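**Student:** What follows is each chain in one-letter form.
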Amino acid sequence: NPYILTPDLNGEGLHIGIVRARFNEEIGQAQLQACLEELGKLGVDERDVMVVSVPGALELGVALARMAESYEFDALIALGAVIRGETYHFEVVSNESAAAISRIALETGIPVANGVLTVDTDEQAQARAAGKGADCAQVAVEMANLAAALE
Amino acid sequence: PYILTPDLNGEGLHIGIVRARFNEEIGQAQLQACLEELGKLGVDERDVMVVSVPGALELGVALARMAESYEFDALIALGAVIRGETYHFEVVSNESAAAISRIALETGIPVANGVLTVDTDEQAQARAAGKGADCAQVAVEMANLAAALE
Amino acid sequence: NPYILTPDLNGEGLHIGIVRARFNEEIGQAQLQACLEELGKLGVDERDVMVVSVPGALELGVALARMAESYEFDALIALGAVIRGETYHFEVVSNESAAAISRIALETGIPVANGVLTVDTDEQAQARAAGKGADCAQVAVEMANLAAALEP
Amino acid sequence: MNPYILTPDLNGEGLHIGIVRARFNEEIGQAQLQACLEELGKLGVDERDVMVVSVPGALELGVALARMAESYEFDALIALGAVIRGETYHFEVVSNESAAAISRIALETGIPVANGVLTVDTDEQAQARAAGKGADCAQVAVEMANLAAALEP
Amino acid sequence: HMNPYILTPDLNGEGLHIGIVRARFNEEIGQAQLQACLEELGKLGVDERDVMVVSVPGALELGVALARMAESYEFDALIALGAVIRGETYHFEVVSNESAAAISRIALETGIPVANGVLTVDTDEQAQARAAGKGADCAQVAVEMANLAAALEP
Ligand SMILES: [Cl-]
Ligand SMILES: [Cl-]
Ligand SMILES: [Cl-]
Ligand SMILES: [Cl-]
Ligand SMILES: [Cl-]
Ligand SMILES: [Cl-]
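Protein chains in written order, with PDB author numbering: chain C, 2 to 152; chain D, 3 to 152; chain A, 2 to 153; chain E, 1 to 153; chain B, 0 to 153.
Accuracy of the hints is not assured; some may be wrong.
Stated by the list, open to error - As a list, the in silico SDA-like pairs of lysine to any residue whose alpha-carbon atoms are at most 25 Å apart:
hint : chain 1 : residue 1 : chain 2 : residue 2
1    : A       : 42        : C       : 26
2    : B       : 42        : E       : 6
3    : E       : 42        : D       : 6
4    : E       : 42        : E       : 108
5    : C       : 42        : A       : 3
6    : C       : 42        : C       : 57
7    : D       : 42        : D       : 13
Just so you know, these hints were derived from the structure itself, not from any lab.
Taking the hints into account, I'd like the entire structure generated from these sequences.
**Tutor:** Here it is in structure tokens:
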């Protein structure tokens, strides 16, 4: 019987930062609403959440990095959609955006929820946008509280 | 040629566990097999900590904070990445493994990679218990191997 | 209604650095013309923009890095085209050039627009050159302003 | 042109070599190591200057080589083992990460690390390459250890 | 319109110090590259007394050599030569990826341009067709980029 930390989905008093990659506009918009309502449903106050926008997923890294450095946020959320087109640009954007999100969380200690879809079709992104947005709100809240522990 | 001999001895070691809950049943089977093997090696139930994160992408931040505290001789990563419909499988598989590798290299804390990267739920089920036990065997040996080399 | 920062596409007073990988020259030149024209439309002064060129995408990293380190530029732009040929060289050039662009922006804090095409055919590069050049101007301007809001 | 051309130096005399062996695929690793030590001695390395360690798998090579490199007790390091494709993407994960760690350690500490980890599709391919790969890693470690010493001061 | 400052390429090797590392595996290919590379370097004005040439067994060993040479800051630019030719195993992908990543990483961290002259092809026949051209190209890249770094050092 080992000491088992229980997940804490209690947004009360957490400061959450959100960055939305706008490309595939309709997809990003659906994610954000599902994310914000779940944040409020989880206990996050509208006054403790900031939302910013970037043209595309490759620009997420520089934005999320600056917010992590401010240390004003307990956790961050990355939103957006990369939809396969005709070229190897899909694999590049998918790899680099995911790696940057991963790297920021590791070096600054600020959890970053990876809500960036990497899909083949608009239909796949539409089916996942709202659900993944809600999941990203849950991941940010739990991982922010998990970060406060272990400190 | 001096040949360091393997040392499989939990014996009072503090081992940290992070479990990605996605594909929950798989993670629980790994954790059950993992703790059982840890005790079989001599790790005290009060000296091993277990933490949970939603998915494999959240392992990096959890394992990282635990490693920096230097409270643990070795770490264990558990969870399962099962191929679905999208390139998300390759992303989660690559980044989760890269973080586990990176935390071990930079911090000196060995991290057993118990994250399955499989194509089907059936493959994860066939391997869950075996890989959980192996991560206990790797975590114990690598914690001890660090001491002979520190 | 959470505080929602709105995009700022106002180039006025911004200093932009541009690095153009010349291999597949016609594509790089089309991107540069579309990029500069869009920069001016956003309010960037022609006297505040520097343009340098390198033989290929693998040489972008070292040039962009020195420009970022000088901290003379609010944002940087990488232009060029990697077109699949006969060998794994395509995957190597595409991966490493993109990875360096990401790493420079992450570590120095200066946004770098990734305008390097990674395509299979010359026709694909031609169809995308002008749009990607102009898009890189919009990304550089917007992200330079976005960085300023978080700098203090 | 007649530029100065540094010539390879394959004179192990007095070199201290560290070895880390991934035990998974047992027969492959020892066949590599026996071939490796035999070639090291043929190159002039004394048996008293070589240390040998074992790890469960290739993914644990990185942390072990890292502790040895940080000590700066070794002129060059060698990583041995075999990754044989099975049924899952695990083959690519182990192959990529283990090689990347070997690469990163050599760059950051300046201590060359010979990459002796095979990445093959079948046991038969691993067997065909095991013996040659042990010897090749000895020639790489000795030569690259001396090349670091030249470029040193 | 927009007529910004356009720094123009400088292909004048005169007074540049170039370091070269040649991965010997596939000997004939690497040597064909080196001769084409030295011949082009001299054509650009680089003195044979300002060029150093070193050797490594393979591309996986390029990184550690190039890194030590770059740290000395005795060289205005570096060149990596060699060939990785696909065989029977995933070793081709590993060697191609890691050697290229190290070459890229050294240029970023030290500021010393490193020309990637490592071919990554499927057949010896492709390597033969490219050896001389890439050797000459790495001479032009090293010279031009050495001068471009100097223009940005101020
Ligand atoms: Cl950072
Ligand atoms: Cl807009
Ligand atoms: Cl940098
Ligand atoms: Cl290190
Ligand atoms: Cl030219
Ligand atoms: Cl370095």
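**Student:** Does each hint fit the structure? Answer for all of them.
**Tutor:** Cross-check of the supplied hints:
1. A:42 x C:26: Holds: residue 42 of chain A and residue 26 of chain C sit about 23 Å apart, inside 25 Å.
2. B:42 x E:6: holds, 23 Å
3. E:42 x D:6: The given pair, whose Cα atoms are some 23 Å apart, holds under the 25 Å limit.
4. E:42 x E:108: Between residue 42 of chain E and residue 108 of chain E the Cα gap is close to 29 Å, so the pair fails against 25 Å, i.e. violated.
5. C:42 x A:3: Within the cut-off at roughly 14 Å; holds.
6. C:42 x C:57: Not satisfied, since the Cα-Cα distance of roughly 28 Å exceeds 25 Å.
7. D:42 x D:13: holds, 10 Å
When the structure is compared with the earlier hints, violations turn up for hints 4, 6 and for no others.
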